[PDB]
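Mind docking chains D, B, K, C and A with the ligands on chain H? Use the hints.
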Amino acid sequence: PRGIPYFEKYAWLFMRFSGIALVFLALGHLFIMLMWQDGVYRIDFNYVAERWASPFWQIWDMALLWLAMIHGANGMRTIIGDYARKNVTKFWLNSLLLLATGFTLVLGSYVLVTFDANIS
Amino acid sequence: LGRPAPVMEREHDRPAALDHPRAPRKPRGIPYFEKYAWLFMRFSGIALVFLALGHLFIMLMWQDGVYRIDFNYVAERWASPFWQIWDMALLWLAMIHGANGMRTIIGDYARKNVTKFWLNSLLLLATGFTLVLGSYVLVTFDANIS
Amino acid sequence: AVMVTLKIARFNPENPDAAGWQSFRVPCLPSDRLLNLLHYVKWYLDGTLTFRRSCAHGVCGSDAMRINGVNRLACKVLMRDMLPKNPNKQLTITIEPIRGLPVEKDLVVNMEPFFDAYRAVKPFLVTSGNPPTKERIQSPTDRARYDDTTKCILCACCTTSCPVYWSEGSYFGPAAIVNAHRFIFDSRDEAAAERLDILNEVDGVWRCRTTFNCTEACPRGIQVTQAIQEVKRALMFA
Amino acid sequence: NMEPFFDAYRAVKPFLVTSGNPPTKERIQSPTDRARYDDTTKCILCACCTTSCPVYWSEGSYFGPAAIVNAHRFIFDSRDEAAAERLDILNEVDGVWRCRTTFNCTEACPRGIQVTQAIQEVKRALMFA
Amino acid sequence: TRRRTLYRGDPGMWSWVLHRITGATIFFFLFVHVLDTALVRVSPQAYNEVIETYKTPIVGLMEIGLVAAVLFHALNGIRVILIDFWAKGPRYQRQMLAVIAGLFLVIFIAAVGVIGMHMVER
Amino acid sequence: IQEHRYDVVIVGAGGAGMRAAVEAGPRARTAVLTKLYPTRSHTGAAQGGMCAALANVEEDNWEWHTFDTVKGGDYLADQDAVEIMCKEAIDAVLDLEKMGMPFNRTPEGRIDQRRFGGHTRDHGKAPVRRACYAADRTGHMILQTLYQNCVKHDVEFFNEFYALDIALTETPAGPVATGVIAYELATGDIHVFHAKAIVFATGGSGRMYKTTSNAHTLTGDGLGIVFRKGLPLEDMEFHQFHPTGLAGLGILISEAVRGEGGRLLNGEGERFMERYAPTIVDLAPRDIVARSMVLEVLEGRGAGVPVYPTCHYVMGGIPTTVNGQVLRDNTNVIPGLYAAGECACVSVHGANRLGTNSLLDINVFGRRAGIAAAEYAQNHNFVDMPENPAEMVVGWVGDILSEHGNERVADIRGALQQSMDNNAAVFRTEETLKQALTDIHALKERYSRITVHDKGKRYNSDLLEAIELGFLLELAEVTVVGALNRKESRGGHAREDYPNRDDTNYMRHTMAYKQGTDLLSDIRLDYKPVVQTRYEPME
Ligand SMILES: Cc1cc2nc3c(=O)[nH]c(=O)nc-3n(C[C@H](O)[C@H](O)[C@H](O)COP(=O)(O)OP(=O)(O)OC[C@H]3O[C@@H](n4cnc5c(N)ncnc54)[C@H](O)[C@@H]3O)c2cc1C
Ligand SMILES: CCCCCCCCCCCCCCCC(=O)OC[C@H](COP(=O)(O)O)OC(=O)CCCCCCCCCCCCCCC
Ligand code: HEM
Ligand code: HEM
Ligand code: HEM
Ligand code: HEM
Ligand code: SF4
Ligand code: SF4
Ligand code: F3S
Ligand code: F3S
Ligand code: FES
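Residue numbers (the authors' numbering), protein chains in the order written: chain H, 37 to 156; chain D, 11 to 156; chain B, 23 to 260; chain K, 132 to 260; chain C, 15 to 136; chain A, 2 to 305, 347 to 581.
This is chain H alone, in the form it adopts within the complex:
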């Protein structure tokens, strides 16, 4: 009874299920980005704007962002719990992790939701 009951079981299950989903999400992202037509050498604002004019790719990128960030944040929670010796260090490192994860999710969600092709 050190924390919230049944939180570790569900964090464990979430890592498994988000892994199953992230296989497709992350590897399809990497494929389509790096080895489809010219890889990075085709990427620019116009490429992003014509990709994000599609419900498919919009939902793909939002699911990728949220699943990847919660997955990584839980994994780093585990890493901190295994490497931090002092309880004050563990507290402040978990707080820094929570802050950075929240900031990245907020920024990525803002950009996706608010993106408009015609900006200038």
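Only true hints are included.
Cut-off 20 angstroms, straight-line C-alpha distance, at most; resulting in silico cross-link-like pairs (EDC-like, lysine to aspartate or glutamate):
#, chain 1, residue 1, chain 2, residue 2
1, B, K156, A, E89
2, B, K64, A, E507
3, A, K529, A, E581
4, K, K173, K, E238
5, H, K126, K, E223
None of these hints come from the bench; they were simulated from the model.
Here is chains D, B, K, C and A with the ligands on its own, set in the frame of chain H:
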């Protein structure tokens, strides 16, 4: 000769000592989750009376029922904050209500704990898919799609 | 004497495990109950027929069985105002054991699941530790609070009619919650918190789908689902 | 100093908890329920497994492969009345969810016990129950 | 072994069976409604196509059945909520059930009359 | 054949049995055997209150209670036992209330009491309002409370175990009780419980009468066991016949006429109890009311809601001491054998039972027998065991199962009950008692060839019905020979041949010993003196 002993093992993943006759029955989940799922079904039902029946009335009975419905009708209705918020609340309340109800249904029709686990996972997957798809369509809709 | 037909669901646990209904013809005076006809069957015609019964008419709850569909507690089936007394014609009464508890022989079930669920809600008085030697005081209006659940004879006519009890999982049942209400709503008790914490799980009181089969089956008239409601309200207003 | 090891051992309650009036004649158990908690009754408590667990070298207080083996033995025993309480002991932050599915324990056991499959069975008993 | 037994209990039991069945019906329909409405983010013509195929007489009868499902679920759910909250609920169960039978009758025949007029005028 | 080893073994889980178990549970390693489930017991059929001199709504001391008990018993009770019962009755009721029992409360809120039957103010002055109660259901609450306490203290229950015999190993200093041979209904197995002490709380035996109020399971088996082992039975001709008895069948109406002005009218719209007993119209003793009803329905002034007397209670049973030890003489005691409840005859009730004293009896003396047996078991050690003690029981079951006679158990039992309720009922005569003796001997030779049609082993109720008919026949003959011996009219035993109490020749308990081993045997009758302290006979 005697009577062979009864096997207590339900399935491989189930400790028989969990259904021991003299074993203490103690809660097997998150505390106070059932109380709040129960209360949610009650309150979301109270809200869904208005939301769902007003939706059905306005769709089927108002002017020409389904025989007036098309893209331009949808685009005129969703140009109003009233109907946008109405449909978002309807989607979220209805999906969480139905998903919790089917949680109950699975829980009392599934015989094995593995079946229960995988049916609850399929249910959570389908509910999440419908919620994100409906939310996407509502949030990012533009009448000038073509 | 009317010569009723009884259709009993037979089951021999050892010699054959292949048996279904059997029909017996038994005379029926109007001042009869169903236990009298079951006795006629067991004494004269059959004698492999095994049921439970103790009392004359001081209710103990022994002979709950499923008669014509409903849980009826045989000794009280009253066998008097036969509607086919209007059109003279063949009658039939269908008898079978109660449902949800394992059958041990025809009309005898295994009540140990029922009693193990009963004595899991701590059905006894728990107090502080300084007995007053002088009859713990309690108001005549604190008395009438837990009343009406002190009439449970533990017959399982309620528990074995709950669809949620027929279903999967492990529901406590209406009778365990009646006998827990009896103590939760007792003034001179010091464990209402732990009993309400026992009844606050997934397999506790939130599995009642508000069917009133229990209220309709109880032979004492206990309002079993009103008791279940009062437990739910004591749990949510806390 | 084996006392940390044995303290983690005698913290999963590694004894049979039962009713309070024994049956005078050896309470019954099937040859099918008996062959279930087999293969974890072979533990000689040498700590060759717990002291090869990187999760045990790490911080916090992981129970360890050996405590989880000797708790599997009692959780999957029919004639026990504290399976749920043991599973609730192993369901904490430093219980069975800290296994990173390294098979160092299985590779190190001198009796050949399949320590990590015992850990997996406890995990699945917590998932599906 | 398995035996087939009709228990023949309270009318609250059949109310609960119908509640469960109609609720699951609405759940599955809602899965489908949300997909075919998501079709509104691809084009006007695709949406117009699929809903023009949702304006047939078979699907009209199905929409009447769905009105019946939603109506009974809503009314019996009001009854269930009252039983759980109102402290005199369990007494007046089985009078709430007659009330909602009557309400279902009137609202349903009115709605089916309006919908049948719409389906005739076409 | 299975073997168990327990310190204390209680046979019966009714009021007295579960009270003794509550007491002797913490002390020793106790087991309880029941042919029913604990809460299915006759005690739960009790509706009247439980009387004690608490003086919450009025004033009374236990001395008026003691006098009323002694005078109700028609001067055959033992004054030492009556004294003990009352002055422990106060604390018996208080401890029931402190165990959880829901009594009805008084405007203050301590315990409400009400008036009942033949309870007097002081030596026959006015009602006194003694009887505590819980509802229209007092015995049910007492039984539930005792069972909930046995669940709290985790008592071991062996449900549906028909205890069929006991094993008396003969030490050089007399016999000693070592084990109980029981029959598990569910499996057909014989079990032997070897114990240090044995408590018998098996309730009464009223099912040898056609019209009776007792359960279908009150055949009388502790009495039959103790009587077959060679031990005596005391005062068995004293059966109480409740007056109000559903003239058709036999159910009890103890509630209405006692509570309110229910007048007993005979045929014509005429009351009779005002002429058969003045100074109280119809709240007279039950034996007097029943004699009056039977007399008038016999003299031709009855009808033909109706009522008729029903056998209700047996005032005899296993003769014990105030601590529960079973006697084997007028003085000696079987070591390690106790008895409590309605099977035991401490002779508190004597020749007529005063209402609401039975629940009192079972509480007080079940607690006493429990602590006594616990002390004995913790003091002494296991004694011995005879050669395979279950030999007789297994041979008995086997040979009653294994052949096909030509008689019907239901027919034999119906004939017995009809004959008893015809002859050995409210009014007895020498010719009727001799007729009943010949009838019972004929049925005892017919019982020699019966058919158990089941032959199975799992749940064999037909076998046990035959076995219980055996006990019914033994107890019927005991009752008839006792009632034919006692040539007087005291309490429940009335005789038209000698209709006046003989205080000089028959103020003693009758004790009966069985001679042979088979059913047809001889009954030798000895006498036991009645103890007296202060109260002396008077009409
Ligand atoms: C209808 C009725 C109403 C009554 N009302 C009142 C009243 O209002 N007030 C009052 O004071 N008295 C009343 N009495 C009488 C009073 O209840 C009895 O004196 C008392 O209940 C006797 O109970 P007991 O504990 O001796 O055993 P019982 O409660 O009679 O039961 C005996 C128990 O022993 C066990 N047992 C019996 N035989 C065997 C066997 N062969 N093997 C194994 N186990 C066995 C059974 O499991 C059973 O539970 C009433 C009696 C009846 C029949
Ligand atoms: C918790 C679970 C959360 C799930 C989130 C995972 C999402 C990962 C990516 C999925 C994106 C789905 C959005 C669909 C948008 C789209 O394809 O539509 C966008 C497409 C453009 O796709 P492309 O540019 O990639 O070719 O527009 C079209 O022209 C499509 C023609 C017809 C397609 C009909 C699809 C409408 C709805 C049907 C959905 C099918 C699902 C069936 C389930 C039974
Ligand atoms: C060389 C490798 C990669 C390149 C060149 C690349 C490039 C891009 C591009 C071009 C976009 C936005 C345009 C669009 O989505 O169509 C993007 C967004 C995104 N990428 Fe990558 N990517 C790479 C690897 C990854 C990896 C490994 C991940 C996660 C594991 C990832 C996750 C994301 C996410 C979540 C977004 C959404 C950004 C937002 O919502 O603001 N990418 N990346
Ligand atoms: C954005 C992409 C990803 C990020 C940021 C990420 C990050 C992490 C981190 C930091 C961990 C912790 C490792 C540890 O605790 O030892 C982890 C664990 C894990 N990852 Fe990912 N990962 C990603 C993609 C994936 C993918 C594509 C899969 C495919 C299956 C996957 C499966 C897993 C699993 C199962 C774990 C749990 C490991 C364990 O518990 O031992 N991950 N992830
Ligand atoms: C024949 C019956 C029905 C018809 C013809 C119908 C038609 C529609 C229409 C026209 C829309 C979207 C256009 C707008 O919102 O103005 C819609 C969307 C929606 N409907 Fe229905 N509807 C029916 C029944 C239902 C029912 C019974 C429910 C819920 C139980 C429901 C819930 C919803 C929701 C939540 C949305 C939002 C879709 C989204 O957010 O993507 N509808 N349906
Ligand atoms: C329209 C107004 C609605 C009301 C008043 C309402 C009310 C209720 C209530 C009170 C329950 C709990 C029943 C119980 O626990 O016994 C329930 C269950 C349920 N609801 Fe609703 N609901 C409504 C709409 C919906 C909708 C729109 C859906 C699905 C999209 C739905 C699906 C379900 C399901 C599947 C159950 C489970 C049935 C059961 O477990 O017996 N309901 N409803
Ligand atoms: S509640 Fe009514 S029905 Fe359920 S057990 Fe007690 S008495 Fe029998
Ligand atoms: S290694 Fe094998 S034996 Fe040694 S402790 Fe770990 S498990 Fe027990
Ligand atoms: S029978 Fe069953 S579900 Fe509810 S009200 Fe009665 S309990
Ligand atoms: S060594 Fe360690 S982390 Fe897991 S599988 Fe074996 S325990
Ligand atoms: S026999 Fe006791 S209740 Fe029917």
